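**Q** Each chain, written out:
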Amino acid sequence: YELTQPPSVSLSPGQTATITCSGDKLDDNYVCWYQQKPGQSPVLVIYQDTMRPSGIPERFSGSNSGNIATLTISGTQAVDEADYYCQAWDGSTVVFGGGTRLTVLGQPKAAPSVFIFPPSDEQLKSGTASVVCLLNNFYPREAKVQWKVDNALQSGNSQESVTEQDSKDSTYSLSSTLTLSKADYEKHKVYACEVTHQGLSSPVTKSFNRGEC
Amino acid sequence: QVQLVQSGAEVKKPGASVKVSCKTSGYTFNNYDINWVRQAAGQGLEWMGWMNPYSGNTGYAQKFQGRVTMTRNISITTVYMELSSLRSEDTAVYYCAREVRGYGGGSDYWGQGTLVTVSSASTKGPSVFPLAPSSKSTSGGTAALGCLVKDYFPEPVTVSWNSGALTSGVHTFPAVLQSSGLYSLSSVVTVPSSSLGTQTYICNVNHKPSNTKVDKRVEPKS
Ligand SMILES: *[C@@H]1O[C@H](CO)[C@@H](O[C@@H]2O[C@H](CO)[C@@H](O[C@@H]3O[C@H](CO)[C@@H](O)[C@H](O)[C@@H]3O)[C@H](O)[C@H]2NC(C)=O)[C@H](O)[C@H]1NC(C)=O
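As given, the protein sequences belong to chains L and H, one line each in that order.
Residues 2 to 9, 11 to 29, 36 to 57, 65 to 72, 74 to 80, 83 to 109, 114 to 235 in the deposited numbering are what the first sequence lists, from first letter to last.
Residues 1 to 9, 11 to 30, 35 to 59, 62 to 72, 74 to 109, 112B, 112A, 112 to 230 in the deposited numbering are what the second sequence lists, from first letter to last.
Residues of chain L placed beyond 10 Å of chain H at every Cβ, according to the derived structure: (1) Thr20; (2) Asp26; (3) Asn85; (4) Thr88; (5) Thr94; (6) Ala96; (7) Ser177.
Mimicking DSSO-like on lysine-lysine, the simulated pairs with C-alpha atoms at most 30 Å apart in a straight line are: (8) L:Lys166 with H:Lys144; (9) H:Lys144 with L:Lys170; (10) H:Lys14 with L:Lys204; (11) H:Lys70 with L:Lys27; (12) H:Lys224 with L:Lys147; (13) H:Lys229 with L:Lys211; (14) H:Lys144 with L:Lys190; (15) H:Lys13 with L:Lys45; (16) H:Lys70 with L:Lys45; (17) L:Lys147 with H:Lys221; (18) H:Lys224 with L:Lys209; (19) H:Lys221 with L:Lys204; (20) L:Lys45 with H:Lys24; (21) H:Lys132 with H:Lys216; (22) L:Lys170 with H:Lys229; (23) L:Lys147 with H:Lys144; (24) H:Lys216 with L:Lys147; (25) H:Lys24 with H:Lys13; (26) L:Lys147 with H:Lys132; (27) H:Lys132 with L:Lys204; (28) L:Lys211 with H:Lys144; (29) L:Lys209 with H:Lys229; (30) L:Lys211 with H:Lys224; (31) L:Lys204 with H:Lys144; (32) L:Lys204 with H:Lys229; (33) H:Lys229 with L:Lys166; (34) L:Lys204 with H:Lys224; (35) L:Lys131 with H:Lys144; (36) L:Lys147 with H:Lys229.
I should point out that these hints are in silico values taken from the structure, not numbers from a laboratory.
Using N, Cα and C, we set each Cβ at its ideal position, and we do this for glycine too.
Build the full structure now, drawing on both the sequences and the hints.
**A** Rendered as structure tokens:
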């Protein structure tokens, strides 16, 4: 038994956030909702479908009907930016939804500046190749980076890291590193990271051909 | 009064076990169930099982059958979760959280979490590779360059540029734990493209656990 949440919800301040959570046996059992901000433990905001714990603002409300549970936030504010998880019990076991990232757009969107770095010759000597894709100073935080090698999607060999929000312009940066063996790296020509972001009308691709100078 | 407090961070090799402590108040110990929930970097919450400390009854999630052991010590109102046969995928923050027990009030109080890092690695200093500025890292009048600080263990590492003289436009990313069990991170900086021929750029890396100190000059790709 699994609970399905939307990966991301984006709205503007004051608007009403709607976060859904679906499951076959939901009307059988109660649903709880948790808020989690970066570096902190989850916080219970709704329990038993509709109940607010003490100290939770009244703008948080819940409902559960037709195998769909919904978390609603009226007059969404900046402090509401967080990840939200639904949770239920199927008989004995607890199940969590995948989580919904709630973004409240406080300033204009800024597309990322994208840079790509081939592996250094020094690293290639060591028998490994790291390709780095840098997304710089973008807003909001949600961004997708995917690797293509000779137009073949790469899965399971890349990792991402993101900075904390800049104190001043409130932007983020993100790195994606693709790691291959030297051998595998030398078997292909075109290395590309495809970037999507709400500030981009269409995907952006930064690429190079192994050996460009 | 704090209701739940967990033990400190753990580092374990694959195949070993890790025992996380969760000391509770008397009120929590006597009137709540304790849930155990873990969360890996950038991933969601995953429930492992529950214990009622007053009675000692427990339940586990099927995925963790045989591998998890929940125990208690009444005299010090503490509960424990031991995870055995650790693997790389078990690296995560492990939480205890209390709940009153349809009849579920949710987990209304959480411990601070216990980081468990599963790695076969011994202490190891990083290799430092240049992220050279080129036409492929030039956006108009701005150029990007950096240093890849790869394959070190354990945390942490610090990076500066030009011995601390260059701070504007520097982004030093949080490390990731690779499937090898070693950490890797990058430190980048954006600078005027016109400065590449005249300005020297050196990243200063210090991995104190291995006493590794590296200054790497980053030059444009020719
Ligand atoms: C629940 O926790 C209490 C307290 O942590 C446990 O009692 C403690 O048990 C240990 C070992 O059984 C005792 O340590 C011993 O100390 C003597 C003298 O310092 C030393 O010579 C021994 O080698 C050993 O290290 C400790 O004194 C004792 N403390 C108290 C207050 O009783 C208890 O065993 C735990 N219960 C369960 C079921 O785990």
